[PDB]
Amino acid sequence: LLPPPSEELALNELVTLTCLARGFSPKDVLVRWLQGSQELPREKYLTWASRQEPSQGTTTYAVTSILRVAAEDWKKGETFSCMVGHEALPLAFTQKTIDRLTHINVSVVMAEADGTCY
Amino acid sequence: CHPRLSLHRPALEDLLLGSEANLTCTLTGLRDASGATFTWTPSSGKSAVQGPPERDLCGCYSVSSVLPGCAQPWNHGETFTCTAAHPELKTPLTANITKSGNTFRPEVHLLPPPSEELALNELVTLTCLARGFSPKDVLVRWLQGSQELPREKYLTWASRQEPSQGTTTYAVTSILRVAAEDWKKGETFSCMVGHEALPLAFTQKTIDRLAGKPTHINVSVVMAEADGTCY
Amino acid sequence: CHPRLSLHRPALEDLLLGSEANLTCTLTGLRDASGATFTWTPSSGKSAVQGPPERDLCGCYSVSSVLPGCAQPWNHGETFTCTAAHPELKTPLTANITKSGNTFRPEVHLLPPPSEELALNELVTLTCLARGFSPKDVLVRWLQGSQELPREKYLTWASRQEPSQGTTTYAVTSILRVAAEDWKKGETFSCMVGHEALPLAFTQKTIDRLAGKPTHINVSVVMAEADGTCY
Amino acid sequence: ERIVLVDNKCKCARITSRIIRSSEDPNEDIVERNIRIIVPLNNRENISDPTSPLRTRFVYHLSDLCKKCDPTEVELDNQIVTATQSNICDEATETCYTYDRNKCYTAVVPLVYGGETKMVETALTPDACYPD
Ligand SMILES: *[C@@H]1O[C@H](CO)[C@@H](O[C@@H]2O[C@H](CO)[C@@H](O[C@@H]3O[C@H](CO)[C@@H](O)[C@H](O)[C@@H]3O)[C@H](O)[C@H]2NC(C)=O)[C@H](O)[C@H]1NC(C)=O
Ligand SMILES: *[C@@H]1O[C@H](CO)[C@@H](O)[C@H](O)[C@H]1NC(C)=O
Ligand SMILES: *[C@@H]1O[C@H](CO)[C@@H](O)[C@H](O)[C@H]1NC(C)=O
Numbered sequence: 012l013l014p015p016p017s018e019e020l021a022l023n024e025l026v027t028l029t030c031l032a033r034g035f036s037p038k039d040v041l042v043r044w045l046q047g048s049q050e051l052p053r054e055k056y057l058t059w060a061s062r063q064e065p066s067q068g069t070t071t072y073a074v075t076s077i078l079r080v081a082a083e084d085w086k087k088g089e090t091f092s093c094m095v096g097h098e099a100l101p102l103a104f105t106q107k108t109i110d111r112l113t114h115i116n117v118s119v120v121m122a123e124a125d126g127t128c129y
Numbered sequence: 126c127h128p129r130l131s132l133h134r135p136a137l138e139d140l141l142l143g144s145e146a147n148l149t150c151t152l153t154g155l156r157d158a159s160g161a162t163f164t165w166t167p168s169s170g171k172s173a174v175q176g177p178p179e180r181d182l183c184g185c186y187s188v189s190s191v192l193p194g195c196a197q198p199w200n201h202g203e204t205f206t207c208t209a210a211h212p213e214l215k216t217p218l219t220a221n222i223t224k225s226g227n228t229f230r231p232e233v234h235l236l237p238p239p240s241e242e243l244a245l246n247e248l249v250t251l252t253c254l255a256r257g258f259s260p261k262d263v264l265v266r267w268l269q270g271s272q273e274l275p276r277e278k279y280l281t282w283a284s285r286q287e288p289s290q291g292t293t294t295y296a297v298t299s300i301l302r303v304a305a306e307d308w309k310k311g312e313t314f315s316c317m318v319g320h321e322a323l324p325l326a327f328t329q330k331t332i333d334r335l336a337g338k339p340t341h342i343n344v345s346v347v348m349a350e351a352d353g354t355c356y
Numbered sequence: 126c127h128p129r130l131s132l133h134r135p136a137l138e139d140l141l142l143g144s145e146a147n148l149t150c151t152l153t154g155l156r157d158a159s160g161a162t163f164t165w166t167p168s169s170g171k172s173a174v175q176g177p178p179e180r181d182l183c184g185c186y187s188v189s190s191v192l193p194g195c196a197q198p199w200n201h202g203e204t205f206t207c208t209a210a211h212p213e214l215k216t217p218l219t220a221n222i223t224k225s226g227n228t229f230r231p232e233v234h235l236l237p238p239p240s241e242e243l244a245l246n247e248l249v250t251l252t253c254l255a256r257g258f259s260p261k262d263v264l265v266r267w268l269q270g271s272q273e274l275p276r277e278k279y280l281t282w283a284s285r286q287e288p289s290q291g292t293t294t295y296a297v298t299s300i301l302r303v304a305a306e307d308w309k310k311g312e313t314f315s316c317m318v319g320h321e322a323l324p325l326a327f328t329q330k331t332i333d334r335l336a337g338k339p340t341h342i343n344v345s346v347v348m349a350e351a352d353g354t355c356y
Numbered sequence: 013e014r015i016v017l018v019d020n021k022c023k024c025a026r027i028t029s030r031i032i033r034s035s036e037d038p039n040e041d042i043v044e045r046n047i048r049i050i051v052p053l054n055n056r057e058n059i060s061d062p063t064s065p066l067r068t069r070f071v072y073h074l075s076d077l078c079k080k081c082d083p084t085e086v087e088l089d090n091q092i093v094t095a096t097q098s099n100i101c102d103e104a105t106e107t108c109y110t111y112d113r114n115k116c117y118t119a120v121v122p123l124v125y126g127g128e129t130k131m132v133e134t135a136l137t138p139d140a141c142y143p144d
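Residue numbers (this note's numbering), protein chains in the order written: chain Y, 12 to 129; chain S, 126 to 356; chain P, 126 to 356; chain B, 13 to 144.
No lab work stands behind these hints: they were computed from the structure. By construction, the Cβ of each residue, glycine as well, lies at the ideal position given by its N, Cα and C atoms. None of the hints are false.
The following residues of chain P were derived to be distant from chain S, with all beta-carbon distances above 12 Å:
id, residue
1, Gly170
2, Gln272
3, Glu321
4, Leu335
Below, computed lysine-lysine pairings styled on BS3-like, alpha-carbon distance capped at 30 Å:
id, chain 1, residue 1, chain 2, residue 2
5, Y, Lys87, S, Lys309
6, Y, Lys87, Y, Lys55
7, P, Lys330, S, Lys309
8, P, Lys278, S, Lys330
9, P, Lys310, S, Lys338
10, B, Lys23, P, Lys338
11, B, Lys23, S, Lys338
12, S, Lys309, B, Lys23
13, B, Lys23, P, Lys330
14, P, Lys330, B, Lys79
15, B, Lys80, P, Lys330
16, S, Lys338, B, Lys21
17, S, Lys338, B, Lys79
18, S, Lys310, P, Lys338
19, P, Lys309, S, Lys338
20, P, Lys338, B, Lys80
21, P, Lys278, S, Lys261
22, B, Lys80, P, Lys261
A partial selection of chain P residues facing chain B, derived with a Cβ cut-off under 8 Å:
id, residue
23, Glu232
24, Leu325
25, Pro339
26, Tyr356
Could you build all of it, start to finish, from the sequences and the hints given here?
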């Protein structure tokens with residue numbers, strides 16, 4: 012799952028979120044989208060069909076889907092996930108990797124030094 | 126008077142955007158009146174326009190015409206023969222024009238403004254630069270976000286050749302001056318370059334702030350009761 | 126056809142680096158190359174020797190002359206009054222010349238090399254941009270360390286006018302490609318620009334690798350209750 | 013901390029820099045830039061006595077710290093020409109933040125001597141105004 016692009020956080024109109032599924036053998040797959048706690052209708056996002064991915068050795072697949080939500084609520088900190096089903100998975104489970112949004116370190120030194128410059 | 130050597134190819138500014146390619150080939154040398162003779166060896170449904178003459182070196186005239194044959198024979202390698210004839214001496218040096226070979230790509234750089242102009246709150250300036258391309262034909266346009274600016278806001282110099290080691294190459298620059306409030310807002314700008322040795326005929330570069338930002342910053346605040354300055 | 130009279134200014138190079146400001150006076154559009162006489166109104170070193178009746182439109186006559194005299198009166202704003210009295214006209218006609226007012230002094234900037242060009246370790250580019258000057262004459266030289274590089278190692282474009290912010294000003298650019306070893310080692314490079322509006326007639330900018338974008342920045346702010354004298 | 017780029021005394025700022033080069037991976041090195049500011053907590057805005065409160069805002073622009081304008085000498089072909097080195101120091105008008113240890117600063121105050129009043133001169137930094 013990927014965080015949104017930077018340029019959508021400039022005019023602050025809407026925000027798109029991409030879900031990528033890659034590399035399986037049997038070519039039947041579902042994708043379900045959800046915001047917060049409730050799942051969404053199938054007519055509220057766009058999803059593709061799966062095509063054979065070019066790769067060395069063996070033949071696998073891929074699929075993609077996107078969904079556009081507002082700007083201020085993603086500034087607020089609501090939560091998403093992307094529940095991709097399959098046949099060969101023991102529970103057909105999700106991935107919820109999303110945040111509301113830099114490396115900082117703050118220290119205080121009492122510095123009993125014998126002698127230095129400044 | 127004496128016949129000379131002259132060349133005229135199709136225009137790149139209409140070859141990369143539209144399909145209004147016109148061939149017009151030249152051979153001059155003026156002593157007599159209209160004794161017109163052509164070579165258009167592909168003439169597959171084209172009618173050559175001719176018009177009135179214009180001003181020359183106090184009396185002389187010169188002639189040419191136009192073929193609209195943009196069915197891709199030029200970027201294939203047809204040789205498009207140019208050769209005059211007259212009741213005169215039948216010894217021409219001839220012109221035979223085609224898409225040339227041994228071509229190289231340009232390499233494009235877009236530069237940030239100098240820091241002296243930033244601390245004054247006036248217009249700031251940007252610089253585009255391309256160098257290393259083998260024929261001397263190129264187009265340069267500017268953008269602001271996604272809007273192409275009108276072409277009377279910016280200055281572009283010509284295309285000149287470089288000092289080199291054997292292989293000959295060319296270079297070109299251009300500048301664009303924008304207001305400091307637009308820079309400090311966060312609006313982006315771009316330089317587009319067209320050339321015929323590029324496979325998709327265009328390249329872009331983009332610039333704003335936050336592009337050459339440094340990656341490490343140490344800030345230490347030394348309070349009172351702890352001054353230790355050395356000379 | 127038509128005979129006219131034209132007057133060129135002295136070149137910039139021999140006025141600044143030297144002082145010998147030879148002038149010239151050109152009429153073109155005649156066909157009898159023996160009769161020509163010229164006349165200047167200030168003439169103390171009056172021996173103005175005429176030039177050769179060189180080539181013209183298919184070998185016609187076109188003659189000019191030169192008045193010697195060096196650069197003390199030209200800077201104070203004198204006037205010169207060349208006129209011609211050839212026998213292919215029934216009139217003597219005259220133009221004049223004067224060191225122009227309404228001038229502005231240029232702003233020079235050196236730009237550090239691009240980041241992407243340093244990752245390949247072959248050669249790097251330095252750019253010199255000078256801007257906002259009112260006449261159409263400028264000089265650009267380059268130096269390594271304190272040694273002036275020879276003129277065939279850098280490329281300089283021409284002087285053109287930039288879009289109008291009220292009154293007319295001009296611009297020029299120049300590039301120089303040096304080895305990526307002695308940039309990283311720490312040699313210094315200078316761009317020098319000469320123009321008539323600058324007070325000492327020259328200005329310089331020097332750059333090296335230390336005076337560019339750094340990677341690390343350490344900031345130390347020390348508050349001093351003691352005194353305000355800055356030892 | 014090896015090569016001094018500027019050591020300015022009207023604003024009391026100092027900037028040094030240094031290349032420290034790794035031999036492995038010759039495509040990446042590091043270039044260091046050190047800045048030291050000393051803030052006076054008891055100076056006035058203009059330097060006379062009754063001006064204004066304590067200066068409480070201190071502004072440093074890097075292009076005005078590093079500015080260099082005293083002329084230099086360049087040898088072009090076989091010639092010595094005098095060049096300037098900056099665009100922006102038109103003559104002062106700079107506001108200084110600290111005193112300078114080798115320059116001295118005076119003021120003028122009127123006092124009375126029974127009859128009319130004089131134009132008494134007063135030292136503000138006494139170590140540097142000694143007449144010799
Ligand atoms: C910072 O404060 C100083 C001290 O007041 C200012 O310097 C002085 O300002 C006065 C006020 O205009 C100037 O007065 C002139 O004094 C002469 C006597 O020397 C008198 O004959 C004139 O008629 C006039 O009144 C004076 O030129 C000036 N400079 C000195 C004494 O050296 C200073 O201008 C202040 N700076 C700012 C930025 O406010
Ligand atoms: C075209 O004319 C030039 C003129 O010298 C000649 O060298 C060249 O061979 C000609 N092209 C062909 C295909 O003959
Ligand atoms: C100088 O030129 C001006 C304008 O071109 C005109 O007065 C005349 O041609 C000349 N006058 C004198 C006094 O030389």
